[PDB]
Amino acid sequence: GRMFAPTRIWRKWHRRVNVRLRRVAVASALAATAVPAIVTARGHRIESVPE
Amino acid sequence: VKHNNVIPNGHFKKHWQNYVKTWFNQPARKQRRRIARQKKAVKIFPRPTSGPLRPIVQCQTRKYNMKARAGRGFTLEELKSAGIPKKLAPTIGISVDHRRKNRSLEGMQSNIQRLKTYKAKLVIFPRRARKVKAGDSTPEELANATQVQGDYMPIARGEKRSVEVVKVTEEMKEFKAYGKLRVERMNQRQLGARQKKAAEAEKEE
Amino acid sequence: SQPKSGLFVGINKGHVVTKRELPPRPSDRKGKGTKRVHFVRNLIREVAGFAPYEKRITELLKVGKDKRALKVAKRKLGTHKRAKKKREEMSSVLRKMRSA
RNA sequence: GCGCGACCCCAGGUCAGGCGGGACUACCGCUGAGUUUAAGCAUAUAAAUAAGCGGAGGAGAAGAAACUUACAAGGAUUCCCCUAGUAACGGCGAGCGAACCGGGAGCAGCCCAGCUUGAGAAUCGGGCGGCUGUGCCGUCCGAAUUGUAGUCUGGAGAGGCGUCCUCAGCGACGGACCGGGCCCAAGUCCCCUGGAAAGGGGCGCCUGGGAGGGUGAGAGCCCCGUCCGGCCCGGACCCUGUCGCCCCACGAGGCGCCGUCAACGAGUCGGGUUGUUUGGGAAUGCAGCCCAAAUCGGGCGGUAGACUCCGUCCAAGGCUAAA
RNA sequence: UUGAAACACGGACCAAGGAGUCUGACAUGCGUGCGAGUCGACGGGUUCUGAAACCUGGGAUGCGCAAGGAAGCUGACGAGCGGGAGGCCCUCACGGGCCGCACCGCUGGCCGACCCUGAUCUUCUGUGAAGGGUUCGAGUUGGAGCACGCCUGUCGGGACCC
RNA sequence: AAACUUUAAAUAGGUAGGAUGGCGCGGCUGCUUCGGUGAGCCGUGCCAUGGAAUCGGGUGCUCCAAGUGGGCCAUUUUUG
RNA sequence: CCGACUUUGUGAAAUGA
RNA sequence: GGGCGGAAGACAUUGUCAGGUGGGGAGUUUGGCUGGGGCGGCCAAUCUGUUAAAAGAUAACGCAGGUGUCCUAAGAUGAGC
RNA sequence: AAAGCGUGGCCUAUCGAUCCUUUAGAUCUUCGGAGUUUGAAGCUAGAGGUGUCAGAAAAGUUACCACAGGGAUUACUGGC
Ligand SMILES: C[C@@H]1C[C@@H]([C@H](O)CC2CC(=O)NC(=O)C2)C(=O)[C@@H](C)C1
Ligand SMILES: [Mg+2]
Ligand SMILES: [Mg+2]
Ligand SMILES: [Mg+2]
Ligand SMILES: [Mg+2]
Ligand SMILES: [Mg+2]
Ligand SMILES: [Mg+2]
Ligand SMILES: [Mg+2]
Ligand SMILES: [Mg+2]
Ligand SMILES: [Mg+2]
Ligand SMILES: [Mg+2]
Ligand SMILES: [Mg+2]
Ligand SMILES: [Mg+2]
Ligand SMILES: [Mg+2]
Ligand SMILES: [Mg+2]
Ligand SMILES: [Mg+2]
Ligand SMILES: [Mg+2]
Ligand SMILES: [Mg+2]
Ligand SMILES: [Mg+2]
Ligand SMILES: [Mg+2]
Ligand SMILES: [Mg+2]
Ligand SMILES: [Mg+2]
Ligand SMILES: [Mg+2]
Ligand SMILES: [Mg+2]
Ligand SMILES: [Mg+2]
Ligand SMILES: [Mg+2]
Ligand SMILES: [Mg+2]
Ligand SMILES: [Mg+2]
Ligand SMILES: [Mg+2]
Ligand SMILES: [Mg+2]
Ligand SMILES: [Mg+2]
Ligand SMILES: [Mg+2]
Ligand SMILES: [Mg+2]
Ligand SMILES: [Mg+2]
Ligand SMILES: [Mg+2]
Ligand SMILES: [Mg+2]
Ligand SMILES: [Mg+2]
Ligand SMILES: [Mg+2]
Ligand SMILES: [Mg+2]
Ligand SMILES: [Mg+2]
Ligand SMILES: [Mg+2]
Ligand SMILES: [Mg+2]
Ligand SMILES: [Mg+2]
Ligand SMILES: [Mg+2]
Ligand SMILES: [Mg+2]
Ligand SMILES: [Mg+2]
Numbered sequence: 001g002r003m004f005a006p007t008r009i010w011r012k013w014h015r016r017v018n019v020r021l022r023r024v025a026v027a028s029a030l031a032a033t034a035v036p037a038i039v040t041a042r043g044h045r046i047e048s049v050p051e
Numbered sequence: 052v053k054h055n056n057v058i059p060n061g062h063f064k065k066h067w068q069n070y071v072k073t074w075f076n077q078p079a080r081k082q083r084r085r086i087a088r089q090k091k092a093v094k095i096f097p098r099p100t101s102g103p104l105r106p107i108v109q110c111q112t113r114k115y116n117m118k119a120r121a122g123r124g125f126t127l128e129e130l131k132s133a134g135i136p137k138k139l140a141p142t143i144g145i146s147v148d149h150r151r152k153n154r155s156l157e158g159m160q161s162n163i164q165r166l167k168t169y170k171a172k173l174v175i176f177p178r179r180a181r182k183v184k185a186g187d188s189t190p191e192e193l194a195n196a197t198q199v200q201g202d203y204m205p206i207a208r209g210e211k212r213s214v215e216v217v218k219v220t221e222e223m224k225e226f227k228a229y230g231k232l233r234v235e236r237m238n239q240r241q242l243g244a245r246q247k248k249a250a251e252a253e254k255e256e
Numbered sequence: 257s258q259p260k261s262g263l264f265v266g267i268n269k270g271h272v273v274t275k276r277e278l279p280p281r282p283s284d285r286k287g288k289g290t291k292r293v294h295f296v297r298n299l300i301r302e303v304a305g306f307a308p309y310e311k312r313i314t315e316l317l318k319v320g321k322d323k324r325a326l327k328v329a330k331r332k333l334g335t336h337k338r339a340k341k342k343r344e345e346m347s348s349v350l351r352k353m354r355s356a
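Residue numbers (the numbering used here), protein chains in the order written: chain A, 1 to 51; chain B, 52 to 256; chain C, 257 to 356.
Careful: at least some of the hints might be erroneous.
Claimed, not checked - Simulated crosslink set (BS3-like; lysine-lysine; CA at most 27 Å straight-line): (1) B:231 / C:286; (2) C:260 / B:224; (3) B:118 / C:340; (4) C:260 / B:248; (5) A:12 / B:152; (6) C:260 / B:231; (7) B:224 / C:269; (8) B:114 / C:275; (9) B:137 / C:286; (10) C:337 / B:131; (11) C:340 / C:291; (12) B:152 / C:269; (13) C:340 / B:231.
Note that these hints are calculated values from the structure, not bench results.
Can you build the whole structure from these sequences, using the hints too?
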């Protein structure tokens, strides 16, 4: 038979975010990279990088 | 229904799932239109990509009467008074609209000004190689023509916000503008009875 | 016609813009009757004759009962606007027949 | 006992041709339900749908206002956004529901019939023959005067005038899009486990190629490929790019002057009534029946009506890409 | 089911499949962005792994910023009291004073419906100094909203499954 | 004497038990009175040992929403 | 079943206008 | 003699409206309470007294009854009795 | 005479929503191109009625019967 509530193409595949909220998010993505401690905590091997 | 809510009004009683329109081909629409524009430009090299020219006109409809926008074509009267024949304006990239009417010198002269500027900055290649006839342009002029892109004449939509400072005259202060505004509402309301009373003066008096 | 008053309310309200007088267009003469077509329509009028309601309207006018002539013309033609002018044209055709 | 011309109509296995059927995504036309909702149900809703019957193309349909607006007005068609779940409509109940304005996508206008060769059918077809072969030419027969061609389409136009301004083709080489093929970097170097090394360890290399697949297990380097492009072949081409020879006119068009002409689509519009349809409400469309036009004229301005004024357009014929 | 061990129904056993989901409108609660604005959602430009991302327009697109009327139409002339968090002053402190957000209660003003009212001024039916109201508003004297996300609820959709 | 009552219980009902109170002074009124006469309000200054017992943080204010809307037994009053 | 309009033309008298 | 021969004849008849008939046919409805339901009754609106247990609320197809009206006076009031 | 009484009957029952039609009123508003001028819709307050009385427009039969259900509910048994 069918499945219960068969999936349909008109689910909400794409979601919207406020353009200013994308800009806020990308600014706070940049601002976190300028920190060696969080770049390290995110997993990258930074022990000979100069500055 | 149940607890306090706005009363439902869903139009979901027909077979709407047979007519749901999903937009997943939207990016491909954009890409297809872009290829279409690119190849139209390549075919119409070196004509301007914006296509033919358009008039400054006013919008209709009290909501928008104060906002200018682009029209469909210059009326026969503009094309005649600019020295740009009827049959030939679409030939040299000027639309023609046989249906419009001009009621104001201001609009007519504004559209003449657009025509004159366009004819100042238009360059036209000869129909043949060496035969330069009237309306063409010089070889050295033709050698520097490119495909101008975007809106080569932007239409300012509404008049600029200028807020200057002037004297407050007493002949300006004394003006009772609200009373003014009510008085011609009276004039409009009473225009029926006043002209009836008047016409009967001719009938009997 | 003459420009607006310039004040947003009232008799002939709106914004003042200098008015322009529009040169005549074709279809400003649209239907202006012409010599030859009046000829053509005259001749076939005489060759063909009159319809029965046209004849009855002639009779009502040659009696003089113009209200009844209008009323039957309306019941045939359909609208007051056409009934009145068909009555007017049959008054024309009846004066031009008593003229001689 | 005649020969005839036309008209209508026959039969022709006459010469040459065109039609039927098929697939269903989308498109056009007719037809057309009900379960359901309305907590019953009878109008309404389901639905101007499903089913039924037909027609095409690669898109189809629509399309150059007998349009909207009341503005400072706009200006063909189509689709998206908003208008708007709004005006409206509805046992004013459940419910139903568009449009103008504006923003975008794309933009393109055209051609007939009429009054207009009458010193002259200038038009078209078929047979036959010739060639330069999607045609063109010579000749015969025929269609057609119950009108083929030409000018004109309301933005006009026909005339008369005018200094004036605008008109022809053919080659050549390409460019562009389309298809197809051929080729294209680097370890299979040493040790172990293992049926197998594609695994572990060492030493190396490619990388505009670490997409992917194959191969006896986690393969960039064994194979096909992938990146960069290169080379050859063949199509359609009729889009445009540059070169050469041929030089465009008394004809057409444009521009300007004129005032005299200035023809525009009929059982069609319009009206009544009836059924359906619609958001369309004294009736939105459509259809039947009956009534039945006009040329100082006709249709609209979303409340039926008479009058005065105003704005607006010109139907009843046709074609038309793109979105 | 008021009451099941029931002389109430289903159930022999195992394996796998099997039932509140997805969508449009709304609502409260919460988070985030900005905040009298907020949305870039339909388009355009760009994008060398990209149906992604990024930029752009809006000067009026939606919602909000203003409501009352059926419609013509008119459209907020600037708030006091009681109680109160917390801050500050006096006292050695107990106790007192002042300023007093939010919120609750109270009494009013202003705009509009409806009624009432009329000095003046004007284009003679308009304006409206003054004064109003046991009535009415989903008002005002507090700008608080726009967008996205999520849970619950509602309603239409097959709509928890049979 | 359920559809009669003079009389008339018990249990159960309501309200009050202060800081949301009073008194002085000087003001408003378009109400009220013969009238500062009252009624109320307004500003200010004074008082008011917390005004019976016991107990104790509160639905105090609001939002969204679930399930439920078949009841049954007992002591006592009680209708067929 | 029935009336009116329609296909539906031609002309004659009698009563009504 | 340009009639194939008759009969009816602009009536029948076709088309469209209009009225009557039309279970031949279609669609649908056919209330609730109730000591099962049906019939009965209205205990569905609604009044007074009682049940109703000395505030209020309080049920049953409990009891005894009422109502769907009547009135320019049988309303207002003043005087007199 | 006046105090006062009087917004129906001495008090407790005697009655009616939406849509529609109709009526009363302002010297009211709209018919959205501007007017004159009938019609139409409005605004406020009534009436025409739903007695199943918070208000569908509505007769039977089925033994030929069908379905979803019910011990919320009868006829047999048992129980009080
Ligand atoms: C004779 C009339 C009948 C009745 C009304 O017309 C019935 C309507 C009312 C309704 O609910 N919607 C309808 O379609 C029916 C009414 O008003 C009464 C006073 C009297
Ligand atoms: Mg399957
Ligand atoms: Mg359905
Ligand atoms: Mg139903
Ligand atoms: Mg149901
Ligand atoms: Mg049913
Ligand atoms: Mg519909
Ligand atoms: Mg079908
Ligand atoms: Mg087409
Ligand atoms: Mg909205
Ligand atoms: Mg190895
Ligand atoms: Mg592999
Ligand atoms: Mg290789
Ligand atoms: Mg290779
Ligand atoms: Mg149909
Ligand atoms: Mg109709
Ligand atoms: Mg009809
Ligand atoms: Mg076409
Ligand atoms: Mg039981
Ligand atoms: Mg047992
Ligand atoms: Mg059993
Ligand atoms: Mg069972
Ligand atoms: Mg079993
Ligand atoms: Mg499982
Ligand atoms: Mg905005
Ligand atoms: Mg305060
Ligand atoms: Mg408050
Ligand atoms: Mg649901
Ligand atoms: Mg006693
Ligand atoms: Mg008691
Ligand atoms: Mg007591
Ligand atoms: Mg039947
Ligand atoms: Mg049935
Ligand atoms: Mg029953
Ligand atoms: Mg019984
Ligand atoms: Mg009831
Ligand atoms: Mg009691
Ligand atoms: Mg007395
Ligand atoms: Mg009184
Ligand atoms: Mg009495
Ligand atoms: Mg009414
Ligand atoms: Mg109008
Ligand atoms: Mg009533
Ligand atoms: Mg039976
Ligand atoms: Mg039998
Ligand atoms: Mg039982």
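query: Taking 27 Å as the top limit, are the C-alpha atoms of residue 337 of chain C and residue 131 of chain B close enough?
result: violated (40 Å)
query: Given the hinted pair residue 260 of chain C and residue 248 of chain B, is their alpha-carbon gap at most 27 Å?
result: Holds - the C-alpha atoms of residue 248 of chain B and residue 260 of chain C are around 26 Å apart, at most 27 Å.
query: Taking only the CA atoms, is the gap from residue 118 of chain B to residue 340 of chain C under or equal to 27 Å?
result: It is violated: about 47 Å lies between the C-alpha atoms, which goes past 27 Å.
- prompt: If you draw a straight line from the CA of residue 231 of chain B to the CA of residue 286 of chain C, is it 27 Å or shorter?
  reply: The hint is violated at about 45 Å.
Residue 224 of chain B paired with residue 269 of chain C [C-alpha distance capped at 27 Å]: The given pair, whose Cα atoms are some 24 Å apart, holds under the 27 Å limit.
message: Hinted pair, alpha-carbon criterion (27 Å max): residue 260 of chain C, residue 224 of chain B. Please report holds or violated.
response: holds (25 Å)
query: Holds or violated: are the alpha carbons of residue 340 of chain C and residue 291 of chain C at most 27 Å from each other?
result: Distance ~25 Å between residue 340 of chain C and residue 291 of chain C Cα, so the pair holds.
message: Can you confirm whether the C-alpha distance between residue 152 of chain B and residue 269 of chain C stays at or below 27 Å?
response: This hinted pair holds, its Cα atoms lying about 21 Å apart.
field: Pair hint residue 12 of chain A and residue 152 of chain B, alpha-carbon separation not exceeding 27 Å
entry: Since the Cα atoms of residue 12 of chain A and residue 152 of chain B sit roughly 50 Å apart, the hinted pair is violated (cutoff 27 Å).
- prompt: When you check the alpha-carbon spacing of residue 114 of chain B and residue 275 of chain C, does it fall within 27 Å?
  reply: The hint holds at about 22 Å.
- request: Assess, step by step, whether the Cα of residue 340 of chain C is no farther than 27 Å from the Cα of residue 231 of chain B, and give holds or violated.
  value: Roughly 46 Å between the alpha carbons, so the hint for residue 340 of chain C and residue 231 of chain B is violated.
field: Hint consistency between residue 260 of chain C and residue 231 of chain B [alpha-carbon to alpha-carbon, up to 27 Å]
entry: Answer holds: residue 260 of chain C to residue 231 of chain B is near 17 Å, not above 27 Å.
Going through the hint list in order, the structure does not satisfy hints 1, 3, 5, 10, 13.
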